[PDB]
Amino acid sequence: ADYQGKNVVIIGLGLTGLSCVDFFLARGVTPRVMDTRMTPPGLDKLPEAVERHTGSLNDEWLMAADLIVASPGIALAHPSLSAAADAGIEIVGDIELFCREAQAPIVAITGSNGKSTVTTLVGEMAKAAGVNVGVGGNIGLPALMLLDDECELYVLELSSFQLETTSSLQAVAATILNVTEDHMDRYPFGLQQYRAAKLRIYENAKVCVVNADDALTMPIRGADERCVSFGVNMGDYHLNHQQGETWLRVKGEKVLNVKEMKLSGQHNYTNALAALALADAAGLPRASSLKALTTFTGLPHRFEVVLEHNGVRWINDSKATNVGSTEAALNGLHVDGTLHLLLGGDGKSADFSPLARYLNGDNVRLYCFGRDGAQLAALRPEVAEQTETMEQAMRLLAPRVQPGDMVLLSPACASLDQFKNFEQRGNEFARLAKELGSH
C-alpha cells in the first residue's frame, strides 16, 4: 500500500489513534484526527502540525477523505461512518494498516475469554525458541508500534471490533477460542453478528485452530482441511485425566503433565492447548513451547491473588469483563467460608442470568456497583448490597470478612463507566484490599 498524497482521517485518538498518527507522518502523510470526545486520551500528545476536531465527528472531513482509519471503539454502524461507506470511501483500522506492512508471519487470536492469556503464552513459546517475536494488538502495544523488519514472528490479540475493519490478514495460524455473549451494545443483530465479526479471522488463514467444545468457533462452511481442534475430552489437542492428574495430549500422545504448569484450572489447560496448537502451526519447536507452559505465571488482573493475609484471599479478576469470564472464575470455585463477590460496571446489555446458578447457598454475598449495579443485585436480592462505586462496596464488605473467606473482584462488566480500563479497576481493588485486609 502507498498513502502518499491521500487525505487521511483518523477517527478516535487514544494510544491506538496516536500510533496511527505516527504511522502516516513517518510515511510522509499528515493525517487529520477527529474524536466524538471533547478531550480524548492522548490529545496532549498529538503533534502540533496535526489538524484535529473533537467533541463530534466532522462530516466535511469524513466526506473529503480518501481513507478513514477508524478506532475499534467507534461502530462502523455510526451514521457518519455508514454514510462514508455508502459513498465508497475506504475505511480501515490500525490492524489493517499493520497487515499491509508486516514482513513476518502473524499468529492471530480472538474469542470472548482467554485471548490475552493465549496471546501471551504463544509469545513466551516464541521467546523460549530464541525467536524475535512482537506481541501486542488488543493487549500490550498497539500493533503498529511492533512493526520492525527484524521481527521474525508477530502474535496479535485481535478484538471482534478490530477484525470488523480488517481485510488483509493472512494468518499463519488463527483461532477463535470461544464465543459467549459480549459486546451486545455494539452488535444490534445479536450473538451471530458478534460471531460473524470473529469469523473474519479465519479468512485466508493457513491453519485454523477451533474449539471442539464450542460450535460457534467453527467456520460457517464447517471445519475444513485447514482446521486443527482443541478440547477437553475430544480434539486434536485435548486433556487426559486420571486419578488426581491431568495431561495435555496431542493426537493420543502425552506432551505435558499440568503439575508442571504454574497456571491451574481446566480453562487454563485448554488455553495451554490452544497456544500449543498455534505455536506448532507457526513452526515453533515443540520442546521450547512446552518449556514456556511451565514458566508462565499468568497476567495481572486475571484471577490474581493480590493479598493472602489473616486467612482471607483477596482476588483481582478485574479482567472478567463479561459473563463467560465470571463463570470461569465461579465454576468449581472452592471457598472455605463466605465468598464476597464484587459485580458491576457497564454490563454492555449482557444477560447476567447465567451467573445465578453459581450463587445459591448460604456462603455467598454480592456487592454490586457501577452503571448496572441494580441488574446484578437482582440476581439474588436477598444476599445483595448495591453501591455507586467499587470503593464503597469494598468498605461495605471489609468489616464482614472473616478468616476462611474470599473477596473476589470478578465483575462481569466493562469498567469504562467509572474507570479508564479494567487495569485501573484492578489496581484500585489491589490498593483497597491492602488497606482493608490488614490491621
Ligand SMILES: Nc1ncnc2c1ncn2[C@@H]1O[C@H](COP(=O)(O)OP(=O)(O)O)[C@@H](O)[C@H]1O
The other form holds:
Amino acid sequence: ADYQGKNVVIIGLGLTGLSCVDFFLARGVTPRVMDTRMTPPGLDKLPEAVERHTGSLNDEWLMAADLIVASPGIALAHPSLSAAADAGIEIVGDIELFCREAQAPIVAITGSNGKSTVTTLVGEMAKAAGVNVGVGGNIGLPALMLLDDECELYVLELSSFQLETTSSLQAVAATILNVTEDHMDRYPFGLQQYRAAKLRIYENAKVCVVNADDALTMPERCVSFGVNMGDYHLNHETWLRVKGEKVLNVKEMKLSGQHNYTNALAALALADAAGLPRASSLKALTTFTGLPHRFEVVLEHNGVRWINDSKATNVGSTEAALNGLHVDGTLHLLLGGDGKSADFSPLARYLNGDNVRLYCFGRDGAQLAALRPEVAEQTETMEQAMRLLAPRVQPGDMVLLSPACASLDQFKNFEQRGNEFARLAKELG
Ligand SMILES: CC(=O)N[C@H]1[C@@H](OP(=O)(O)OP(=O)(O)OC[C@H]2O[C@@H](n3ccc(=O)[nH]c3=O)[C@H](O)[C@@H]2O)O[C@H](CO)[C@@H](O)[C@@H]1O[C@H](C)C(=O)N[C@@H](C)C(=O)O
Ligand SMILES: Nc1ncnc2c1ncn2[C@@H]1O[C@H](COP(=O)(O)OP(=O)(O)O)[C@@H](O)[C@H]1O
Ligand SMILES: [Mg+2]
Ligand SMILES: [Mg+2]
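Next, give the form solved in complex with this ligand, keeping in mind that what was shown is the form solved without this ligand.
Below, the chain from earlier opens the complete complex, with every other chain and molecule after it.
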C-alpha cells in the first residue's frame, strides 16, 4: 500500500497505537496521535517528533485526515468518528494495515471464548512442523510487530472490535469458535450486531471452520467441529475423531474439559486447512499445557486448590468453569470488574446449595452479589475479597477467580488481575 504524503491520524495510545506509530515512521510517514485520556499508557513511549493530542478527540485533526487508524478500544460509533466516516474519510485498524502487507497465509481466529487457546494451539502445531510462524493480534502482541519476510505462516487472534475495522483479510482458514453475549456496552444493537462484527472474518476466507453446535458461527468452504456431530468431533475414554477416524485419545492431552477438547478440534481443523502435517499437529496437542490465567491451578496447599481463571471475562467462560465443577468442600468464587452490560443471570443456576460463597468486587460487584445475596459479600477490590475469604478456606475447598468481567475498571493492563491473584493466593494459601 502507499501512504506517502498522506495525513495519517492514529486514535489510541496503547499497544496498538504505538505499534502503528512505529509502522508509519519506518515507512517515512509521520502520523499524528490522539487519545481521549489525558495520560494514556503509551504517552511516555511516544517519539518526541510525533504530534499528539490528549484529553479528547480532536475533530480538526480527524476531519483533516486522509487516513484514520482506530485502536480497537474506541468505538466506530463515536460521534467524532461517525462524522469522519460520513465525510468519506477512510478508517482502518492495525489488522487492516497488517493484511495489506503480509506475505504469508493467515489463520484467523475469533469467537466469544477460546480464541487465545486456539491461536496458541495452532501456533504450537506450526512450530512442531518446523514452520516459521508469527502469532499475534488480540493475544497481546500487535500484529504489525509480526511482519517478517521469513515468516511462513501467520496466526491472528482477532476480536470483534478488530474485525469491525478490517476489510482486506483473506484468511487461508478462519473460525468463529462460538458467539455468546459479550461486549454489549459496545453493541447497542444487541447480540446480532456483535455477531455481525465477527462474521466479517469469513469474507474471502478460503476455508471456514464453524461450530456445529453453535448456529451463530455459521456464515462450500465450511468444515465443522462439534461434540457429537461435525467433521471434527468427539466420541466418548474420549477420542478426537476426524471425518470417520480416531486421531487422538484425549488422555494424551494436558488440557481437560469438553470445551478444551473442542478447542483442540477447531485448532486441528485450522491447521489441516493451512496445510500443516497431521502427525506433528497431533503431537502439539499433547505437549500444550494451557495458557496462564485460563482455568490455571496456581496453588494446591493444605487441601485447597486455588484456581486462576482471570481470563474468564464474560458469562460464557465462567459458565464453562462452573458447569460440572467438582469441589469436595466449599467453592469460594470471586466475581467482578467491568461487566460490559452483561446479563449475569445465567450464572445463577450454578450458585445454589450449601457449598458456595460469592465474593464480588469492582465496578459491577453489586450486580454480581445480587445473583444470590444470602451467600455473597461485596468489596471494592479483589485483594479485599481475597483477604476476606482466606480465613474461611477449609481443607477440601476451592478458591476460584472466574470473574465474568473485564479488568479495566481497576487494573492497568490485561495481565495484572491474574498476576495479582497468583501473588495473593501464594501469600494467603
Ligand atoms: C480493548 C482492546 O481491544 N485491547 C486490545 C488492544 O490493546 P491496546 O492497548 O491497543 O488497547 P486500546 O485499543 O488502546 O484500548 C484499551 C483501553 O484504552 C481506552 N481508550 C483507548 C483509546 C482512547 O482514545 N481512549 C480510551 O480511553 C479504552 O478504555 C480501551 O479499553 O490491542 C492488543 C493487541 O492487538 C490486544 O491484545 C488487546 O486485547 C485485550 C487483551 C482485550 O482486553 N481485548 C478485548 C477486546 C477482549 O479480549 O475481549
Ligand atoms: N470454547 C470455550 N467455551 C467457553 N469457555 C471457554 C472456551 N475456551 C476457553 N474457555 C474459557 O474462556 C476464557 C478465556 O479463554 P481464552 O483462551 O483466553 O479465550 P479468549 O481469547 O477468547 O478470551 C477462560 O476462562 C477459559 O477457561
Ligand atoms: Mg472479548
Ligand atoms: Mg484472548
